[PDB]
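One chain is shown next in structure tokens, namely the form deposited in one PDB entry.
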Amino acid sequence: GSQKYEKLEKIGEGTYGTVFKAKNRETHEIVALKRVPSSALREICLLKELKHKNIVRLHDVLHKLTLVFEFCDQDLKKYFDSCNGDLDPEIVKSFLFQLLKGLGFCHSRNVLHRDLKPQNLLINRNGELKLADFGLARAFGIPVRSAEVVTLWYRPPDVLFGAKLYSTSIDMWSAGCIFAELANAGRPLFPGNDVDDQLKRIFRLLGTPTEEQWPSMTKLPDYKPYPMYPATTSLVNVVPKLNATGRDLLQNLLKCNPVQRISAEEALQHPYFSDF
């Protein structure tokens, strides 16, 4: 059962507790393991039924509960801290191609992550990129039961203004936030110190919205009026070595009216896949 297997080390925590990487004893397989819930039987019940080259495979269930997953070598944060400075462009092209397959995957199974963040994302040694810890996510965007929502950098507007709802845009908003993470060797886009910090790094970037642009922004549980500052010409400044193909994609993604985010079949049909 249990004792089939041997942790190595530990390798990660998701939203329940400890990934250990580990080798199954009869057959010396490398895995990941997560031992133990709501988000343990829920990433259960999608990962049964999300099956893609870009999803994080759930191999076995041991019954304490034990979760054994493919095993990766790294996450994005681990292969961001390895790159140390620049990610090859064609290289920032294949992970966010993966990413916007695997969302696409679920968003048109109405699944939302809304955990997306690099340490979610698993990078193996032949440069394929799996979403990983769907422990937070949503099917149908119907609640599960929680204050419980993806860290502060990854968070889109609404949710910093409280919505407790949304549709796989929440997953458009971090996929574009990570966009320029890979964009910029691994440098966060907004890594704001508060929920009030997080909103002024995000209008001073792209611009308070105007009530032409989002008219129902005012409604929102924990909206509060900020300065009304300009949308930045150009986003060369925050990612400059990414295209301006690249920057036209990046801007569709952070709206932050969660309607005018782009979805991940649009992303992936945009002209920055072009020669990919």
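Rigid core: the largest C-alpha set superposing within 1.5 Å between the two forms. Positions refer to the first chain, counted from 1. First, how it differs from the form deposited in another entry.
With a cut-off of 2 Å and the rigid core superposed, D248 has a Cα displacement that falls short of the cut-off between the two forms. Relative to the superposed rigid core, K48 undergoes a CA displacement smaller than 2 Å between the two forms. Superposition on the rigid core between the two forms places the CA atom of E13 2 Å or more away from its counterpart.
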Given for the second form:
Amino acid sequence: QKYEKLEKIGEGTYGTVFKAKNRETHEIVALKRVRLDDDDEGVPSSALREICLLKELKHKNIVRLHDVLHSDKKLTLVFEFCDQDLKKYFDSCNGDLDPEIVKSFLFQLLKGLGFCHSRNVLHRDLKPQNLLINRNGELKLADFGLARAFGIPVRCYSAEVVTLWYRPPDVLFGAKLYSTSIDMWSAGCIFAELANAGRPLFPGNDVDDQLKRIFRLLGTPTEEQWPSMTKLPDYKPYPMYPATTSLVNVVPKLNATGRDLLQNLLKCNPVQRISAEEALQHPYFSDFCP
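Alternative state: the form deposited in another entry, after the form deposited in one PDB entry:
FYI, this one's just the chain on its own, none of its partners or other molecules.
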């Protein structure tokens, strides 16, 4: 109508994504189409939240919402166009990244995430599909359909947030409340994919299997490490796995500095997880690193 569709990018359950051209100014953008008369309703709610948050999250490492159009019983979000996502990029580069790229991608992810948290927003859906990459080597976090503003006192958030593979142990144990630390775990999981074959660090079949794969590698937290754990709503006894299990084979592209950052993101006790701001000041992002 005002834009010219070129090729479909993706076919989500929350909408259809096209690569398009502005007929007026001839610029290439991404288009998300959202139908507005669904007998199985609800889809628009996610779109409105995503809009309300992205209007107040302007940053070079967060996908830009340019405009929103309403026409012919359809809602159309207009994002900047990005060459691909990280999921397709792994399949494209054989899952193998140069160590200096792993640094670039994580740095940009933390900058974007740092902004989101400072602006009082949780992403709650980090994963490679929601990390957009352009040829020039820029990374931008996207998809704020499950994202949420926080600060008002509430009884609880949702425990049914984040794809099982990037969900932190507190939330897997059904924790009612969580802070910004929810996203810093997901970020740790993503770091481990960049640092190996682009394969999920913790690819469990269900909640139980997920928690077994996290403790098997990092160790089952003690009462000292995480006293709150046994009091959590869906807590149950897990085997004590040793904290002696080495990460060197798991993230073989990272040296000691890299591996240190990864462990501060992957603290099971949410209160102990490093913040985006703290992580950007880590030696791994110093101009003094081998």
